[PDB]
Every structure is written in structure tokens, then in C-alpha cells.
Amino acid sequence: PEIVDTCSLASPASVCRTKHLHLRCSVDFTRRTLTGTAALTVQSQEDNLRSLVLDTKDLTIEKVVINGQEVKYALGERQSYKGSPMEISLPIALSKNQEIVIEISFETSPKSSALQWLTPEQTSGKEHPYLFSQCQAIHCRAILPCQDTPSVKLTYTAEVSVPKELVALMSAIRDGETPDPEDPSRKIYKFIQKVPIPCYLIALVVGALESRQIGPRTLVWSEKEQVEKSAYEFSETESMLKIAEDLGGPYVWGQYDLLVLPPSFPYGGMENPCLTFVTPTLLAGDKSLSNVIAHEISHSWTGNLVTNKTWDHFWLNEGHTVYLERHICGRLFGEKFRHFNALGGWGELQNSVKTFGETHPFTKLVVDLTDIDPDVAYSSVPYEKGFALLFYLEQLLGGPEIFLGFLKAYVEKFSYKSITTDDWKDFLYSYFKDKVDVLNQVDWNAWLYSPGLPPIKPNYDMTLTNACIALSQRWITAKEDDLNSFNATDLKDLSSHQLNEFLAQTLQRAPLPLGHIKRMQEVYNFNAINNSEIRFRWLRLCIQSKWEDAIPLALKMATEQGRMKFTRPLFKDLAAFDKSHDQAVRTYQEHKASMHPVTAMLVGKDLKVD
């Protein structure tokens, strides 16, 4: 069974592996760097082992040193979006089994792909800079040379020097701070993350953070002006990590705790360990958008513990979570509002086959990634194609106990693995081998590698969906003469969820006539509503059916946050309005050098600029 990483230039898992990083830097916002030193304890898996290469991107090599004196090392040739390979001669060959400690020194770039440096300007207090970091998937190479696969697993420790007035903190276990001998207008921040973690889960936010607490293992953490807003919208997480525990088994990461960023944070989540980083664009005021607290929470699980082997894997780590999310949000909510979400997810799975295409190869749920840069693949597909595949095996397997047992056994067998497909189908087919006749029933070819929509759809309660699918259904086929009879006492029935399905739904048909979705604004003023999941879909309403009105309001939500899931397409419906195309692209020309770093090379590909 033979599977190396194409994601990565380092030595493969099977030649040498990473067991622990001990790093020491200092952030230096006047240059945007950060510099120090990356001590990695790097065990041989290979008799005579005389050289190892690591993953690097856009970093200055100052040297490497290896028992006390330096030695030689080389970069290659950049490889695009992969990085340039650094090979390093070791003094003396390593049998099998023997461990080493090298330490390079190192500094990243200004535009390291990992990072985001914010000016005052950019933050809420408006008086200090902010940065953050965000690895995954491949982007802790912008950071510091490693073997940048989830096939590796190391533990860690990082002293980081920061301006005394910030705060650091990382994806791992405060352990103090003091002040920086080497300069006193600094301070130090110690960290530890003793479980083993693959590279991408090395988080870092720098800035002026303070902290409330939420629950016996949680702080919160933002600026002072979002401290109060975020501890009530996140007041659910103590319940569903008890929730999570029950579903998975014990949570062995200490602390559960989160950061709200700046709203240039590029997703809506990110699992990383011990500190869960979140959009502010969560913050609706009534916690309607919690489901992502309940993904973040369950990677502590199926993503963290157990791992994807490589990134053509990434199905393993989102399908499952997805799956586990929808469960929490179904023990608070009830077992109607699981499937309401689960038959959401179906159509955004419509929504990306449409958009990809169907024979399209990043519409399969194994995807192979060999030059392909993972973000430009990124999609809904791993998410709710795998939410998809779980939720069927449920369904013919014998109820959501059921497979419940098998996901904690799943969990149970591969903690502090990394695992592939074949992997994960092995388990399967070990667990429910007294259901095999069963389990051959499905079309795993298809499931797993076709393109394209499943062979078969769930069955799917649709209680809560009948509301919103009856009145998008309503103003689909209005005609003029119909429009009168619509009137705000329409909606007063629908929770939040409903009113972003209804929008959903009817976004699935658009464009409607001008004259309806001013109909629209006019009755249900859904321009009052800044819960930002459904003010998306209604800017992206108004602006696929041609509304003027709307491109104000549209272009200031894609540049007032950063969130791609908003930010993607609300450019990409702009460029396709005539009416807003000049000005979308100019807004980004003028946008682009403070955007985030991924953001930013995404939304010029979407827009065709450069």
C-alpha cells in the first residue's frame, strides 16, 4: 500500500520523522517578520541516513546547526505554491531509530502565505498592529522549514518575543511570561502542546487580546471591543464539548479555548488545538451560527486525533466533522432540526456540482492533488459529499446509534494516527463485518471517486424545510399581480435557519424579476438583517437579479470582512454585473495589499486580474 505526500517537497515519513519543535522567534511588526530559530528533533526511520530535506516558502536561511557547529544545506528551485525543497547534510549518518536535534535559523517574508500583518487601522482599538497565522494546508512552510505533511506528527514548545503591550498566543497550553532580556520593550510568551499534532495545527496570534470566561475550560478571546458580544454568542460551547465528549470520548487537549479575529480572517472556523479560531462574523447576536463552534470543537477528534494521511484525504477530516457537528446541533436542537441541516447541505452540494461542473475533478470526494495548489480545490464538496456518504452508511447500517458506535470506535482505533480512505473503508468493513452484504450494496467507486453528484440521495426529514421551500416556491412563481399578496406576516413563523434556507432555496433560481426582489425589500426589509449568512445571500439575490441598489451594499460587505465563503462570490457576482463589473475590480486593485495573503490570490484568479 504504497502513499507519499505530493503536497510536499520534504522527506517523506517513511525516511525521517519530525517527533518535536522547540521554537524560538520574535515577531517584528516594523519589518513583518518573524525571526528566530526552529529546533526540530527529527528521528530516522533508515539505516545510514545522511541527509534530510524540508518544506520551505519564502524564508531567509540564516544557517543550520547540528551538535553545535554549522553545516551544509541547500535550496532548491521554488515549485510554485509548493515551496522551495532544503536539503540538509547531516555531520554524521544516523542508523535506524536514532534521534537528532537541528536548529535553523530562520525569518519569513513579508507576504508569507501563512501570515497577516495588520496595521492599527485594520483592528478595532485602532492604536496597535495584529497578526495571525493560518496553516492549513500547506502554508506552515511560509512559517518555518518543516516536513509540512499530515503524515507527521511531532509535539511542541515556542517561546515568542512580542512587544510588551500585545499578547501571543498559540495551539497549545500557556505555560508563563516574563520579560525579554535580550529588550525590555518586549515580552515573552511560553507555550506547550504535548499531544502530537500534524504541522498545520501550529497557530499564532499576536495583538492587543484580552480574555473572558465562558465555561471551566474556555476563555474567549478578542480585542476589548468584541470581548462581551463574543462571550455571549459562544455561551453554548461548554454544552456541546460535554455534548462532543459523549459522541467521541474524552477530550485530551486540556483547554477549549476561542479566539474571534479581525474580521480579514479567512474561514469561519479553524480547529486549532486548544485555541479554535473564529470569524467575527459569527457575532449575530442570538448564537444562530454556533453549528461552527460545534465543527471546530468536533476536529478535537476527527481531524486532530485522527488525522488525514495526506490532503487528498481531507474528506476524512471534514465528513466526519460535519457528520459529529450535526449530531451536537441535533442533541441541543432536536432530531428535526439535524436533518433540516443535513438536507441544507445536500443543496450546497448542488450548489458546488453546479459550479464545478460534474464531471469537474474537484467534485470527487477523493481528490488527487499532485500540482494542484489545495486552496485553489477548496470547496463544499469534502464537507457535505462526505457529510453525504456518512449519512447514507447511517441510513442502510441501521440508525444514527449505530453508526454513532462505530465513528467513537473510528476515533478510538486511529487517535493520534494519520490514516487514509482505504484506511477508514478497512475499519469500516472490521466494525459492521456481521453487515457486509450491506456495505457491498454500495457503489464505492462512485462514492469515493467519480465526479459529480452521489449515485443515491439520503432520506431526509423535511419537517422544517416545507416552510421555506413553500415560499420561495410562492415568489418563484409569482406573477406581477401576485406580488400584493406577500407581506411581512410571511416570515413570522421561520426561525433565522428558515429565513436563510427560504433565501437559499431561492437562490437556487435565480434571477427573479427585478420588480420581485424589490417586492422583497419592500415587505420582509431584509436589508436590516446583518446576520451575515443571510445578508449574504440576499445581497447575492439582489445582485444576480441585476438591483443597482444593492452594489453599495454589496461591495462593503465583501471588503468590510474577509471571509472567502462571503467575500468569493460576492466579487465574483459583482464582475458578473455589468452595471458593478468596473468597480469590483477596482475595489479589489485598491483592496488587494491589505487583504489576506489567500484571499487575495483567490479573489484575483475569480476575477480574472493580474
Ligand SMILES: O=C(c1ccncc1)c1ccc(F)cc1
Given for the second form:
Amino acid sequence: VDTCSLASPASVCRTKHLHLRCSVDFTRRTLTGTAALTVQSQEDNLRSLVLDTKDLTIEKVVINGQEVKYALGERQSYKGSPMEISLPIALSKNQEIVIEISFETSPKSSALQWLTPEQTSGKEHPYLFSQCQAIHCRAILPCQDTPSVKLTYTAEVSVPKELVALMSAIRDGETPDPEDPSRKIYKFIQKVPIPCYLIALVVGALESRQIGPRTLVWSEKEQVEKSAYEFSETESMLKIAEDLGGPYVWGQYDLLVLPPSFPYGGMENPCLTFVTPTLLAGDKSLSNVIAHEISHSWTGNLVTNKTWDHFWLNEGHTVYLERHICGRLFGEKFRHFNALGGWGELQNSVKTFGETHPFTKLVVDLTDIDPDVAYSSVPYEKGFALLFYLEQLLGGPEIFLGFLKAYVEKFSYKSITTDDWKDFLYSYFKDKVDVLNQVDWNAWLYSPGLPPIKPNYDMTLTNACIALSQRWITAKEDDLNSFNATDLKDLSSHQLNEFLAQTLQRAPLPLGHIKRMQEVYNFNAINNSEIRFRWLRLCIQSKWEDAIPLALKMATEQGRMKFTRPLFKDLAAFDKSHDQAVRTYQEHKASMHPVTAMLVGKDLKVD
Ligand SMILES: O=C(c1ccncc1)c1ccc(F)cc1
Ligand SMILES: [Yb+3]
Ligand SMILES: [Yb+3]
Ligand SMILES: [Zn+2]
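Right, the form solved without this ligand is done, so what does the form deposited with this ligand bound look like?
Expanding to the full complex; the earlier chain stays at the top.
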């Protein structure tokens, strides 16, 4: 039972295909058109069905060329409104019909951000992008908005002719719009069955540059050169992912670099990964996000979580593959450094939520919880930690990667639960069951707080970070003179970031220490978004007023929630910046991503 969805469940009927014909109206900020769902009955004598919707305007529903009765129920907060459609003829089991729904989205659609020309790089044209995960597809089109249903799709999208439309699908040509010569129609085909959270659309003044045999990078013109360089390791990561996961089945692997308000580091939309411009560090140092999105082509997009309660299946496995891609490229000690870092991020999450908090459980009950509110690092890092613990228990990475490949093969094109995964784990490791039975499954899967066992981590690359962090924390005023730019001499950007993460775990530090750190290391000059984020958080929590405008600026000049949410929370917790923080949020709120706006509002306790 998918408690996040109001639609008929997969046991009643299932959508097999969506054909979408729509037009993007920037003047009204609406997407208008028809969603033709090919639906298969799973029941005898089926006479109605229910779809998810959210802030959609329904004009009509047509079946067999005639209009049919439908009714919208009362809104159920973040779940939206259920739409019940009365079928004109009862359906037998396995019978398929096509239902054509004429609809229009709201400007306030939680799936969409509409940008004015001034919010873009080029300053001449507007821009639109979608983000459906978890349960925002219903805010774009009526559908069974649950990952327990997989469908193919085709789409024809009419846009002002100076703009480009792209989707999570193979591009299938473009034509002038017969109804309107100021417009172009772009066509798309997704021939691999996907859950609807993977439907994606962007419309804007986009250019592309080829960077590999199956990869173009797309962005506005002013970011193309920088993006092509930043993501140049993409093909080599794909080749490694294919070795670990099996054949890449999606055809193309393209990258789209969004405007700064994109809410996540990346989103694994099939054929067209979406990424934040905050990855453009200039030195390829944030490419683990690409490794992660690439890995989702197997874990998540091929093997899918059946409901959002099982989100850790998606993310834990993807982080686990991500870290293998990085270990292949850069070495096993580096996989261990990243793993141990992730454990630190898990410690942070548990501390933030509280060690008994239900969102710190690996499997979470989302019954009356908005998935956006429950979202955190826990499914990523507690899920990773479980798989890394199992790897070590079961004989190492080579053996556990054998299991991962077999898992992907076993459940490809399916949607599965934690019990499905556990069952196959036990099947695959039949000869190691006594080992598997040593695992505290109930604690790992269902208990809050940190895991009951911490895996073994090589420390080679982490030692220097810990050492320097500890020097700073134990330093007294008369020790500050001994610090110098040469302390950083042999540290990579990854290690600088980890040194700050370690030091942030003990914040605040005395203000004079933070001032000295700026004096000798000039962290204010670093534009790596990961480093700059942690440094500004350290400055604000240690109450350095000078850092207030820097922090306000980073919080609002991009909108990746990983950075915007904690920065606003830190600025709000600091008495000197509290008023500016809420004022700044109030000013930017209308032009923010709708989900980001909602979450920052809740964090700030404003409205
Ligand atoms: O609801 C979740 C979630 C599921 C399980 N644990 C934590 C969060 C979620 C999943 C995807 C997403 F984009 C936002 C939220
Ligand atoms: Yb074609
Ligand atoms: Yb001293
Ligand atoms: Zn992911």
C-alpha cells in the first residue's frame, strides 16, 4: 500500500503508457494539454479508477471518443486531490483502454519552477524546469503517482520557437507548431518503463556540447564551456558503472546543468541527469555527484523502491555504487575516506533530528508525512553503512559487488520492498546465512539513531584532517600564532572539506580562532561550494558578524537545499543576523523554488 498516493493501487489497475501533448505558456505560467494514459485493468469488472492530481485544472476526460464523468475529491494537503473517473464500459482483467485527460497546471505547481529572464544567465528568455521526485508528478499531470507503477511515455511539447525543450527521454525530432508559427514542437520517446517520478521537462535557451560517445552537456551558453570540462570524466564513470551494474540500457547519458535554484545536487532523470551549477568548482572535485546520478541508472531507475518508505533501497545502493566508481578512479583508500565522511554526515543527521526520531530509521513509515519534510541523509548514509557493514561481513568488495550485479539483474524493471531485498540477499548468500543471522536486522532496518555496529574504515587520508582539526580545537590564544598557510600544503580539496567538517562538528569555536583561520588560510577566497558552505557555517555558528553578508549571499544566490537550508537556519539561530535572515527569506520567497520556499519557511518558523 503506497500511503503517499491517492490513486488506485497497482493491484487494481496499472498505467502502461503516457502520451503527453502539451504547450508551455510562459505568459500564464501554465502547461496545458492532454495526458493520454493507456491503463490496464488488474481486476474483473472494473468500472472506475482514481488518479492523483495536485492543483490541476481538469477540462474534460475522454474515453472511446466521448466525454465521461469524473469527480475531484477534497484536497488532502501535500497529497493533493484524488480524481475518480467513471469508465463507460466495465473492464475485464488485463483489458487495456486509453483515457485522455485535458488539463492545465497551476502557476503554483510544486513540480515546477518558472524563471523570469532576469533569473537566467542570458537575461533575455524565461526558463522552466520540473522536479517530480518524490510525489510532484501529480502537480504536472494526472497519474498514478506511485513508484510501484512503471510506464513508458511519448511526448510532444510546444514552446516558443527561440527556446529548446528537453525531457527524460530520447529526443525524437522537432517541427514548427501547425497551430502557431511562433512556436516549435519537440518530440520525445521513453521506451524503457519508468516510475512517474522520473518524468522531467526543461524549457529554455539551451545549447549543447558533446563530451563523450553517448553524452552531451546542456546549459545556457555562458555555462557550456565550464560544464564540458567539469564533467569530462562522465564516460569513464559510465564505463565503470556498466562493469559493476551490467549494461546501460537507456541509450543516451546526457547532462543538464540547471540555473542555481535547482534544489538538489543532481536528479537521476533517465537519459538526462539534472545537476546543480554549484558543481562547477573548476577542478572536477565535485564529480562524485555525477558518479551518484550515473549509478541510479541501475539502482533506482531499473530497480525501484515500491513505496517511499523504502527510499533507502534507491539511495543506499546508489551511494554504495558511487563510492566504488570513485574507488576505481582514485583508489581504495579514497573510497574509505568518502565512506568515513558519510558516517560523519550520518552522525550529523542523527544529532540534528535526535537519536530517537522516527526519520532516523532506515525504513520509515510515511503515512501522514510529507516526503519532502522527511528527506535527509539518513537513507543515503545509514543505507550505505549497512551495505558497507555487509560487504565486510560477507568477505569483501569483490564478493559484495557480485551480489549487487545479481540484485540489479534480478529486479530490473521492477519495484521492490526492503523484504524483497532481504529475501534475495539471503538467497544469494545461502552459504553465509549463519553470518547473515548475526546481523541485528531489527535495529539496522527499523530502529532510530546511529547503527548498532560501525564498519571498519581505513583512516590514511582522514588522519591529517583530524590532526589539524584537533590542533585548532585544543589551541588556546597563545597557540594561534603557530598556524600558517603551510598547514594546508599537503591537503587536497577533499581533505580541506573534511578538516572543516570535523571542525564544524565541534562548533562554535572561539571567535578569535575563526578570525585567525581566515587570516592564515583565507577560506573566504575559496569558491568550492562544499568548502565554502562549511566554512560559512563555522563562521556563523562561531558568531562572526563579518560572515553574515557572505552567508546571506550564498543562501540566496543559489538554492541547493543542502546549502540554502542550513545557512538560513544558522543565520536565524544567530541573534545578530536573525532579523536579516527572515527579511531576506520574505523578500526572495516568491522567486524561490516552491519546495525550497516551503521548507525554509518551516525551518525559520515563518508564516
Ligand atoms: O520521503 C522521502 C524519504 C523516504 C525515506 N526516508 C527518508 C525520506 C523522500 C524521497 C525522495 C525525495 F525527493 C524526498 C523525500
Ligand atoms: Yb524517430
Ligand atoms: Yb599556552
Ligand atoms: Zn540519489
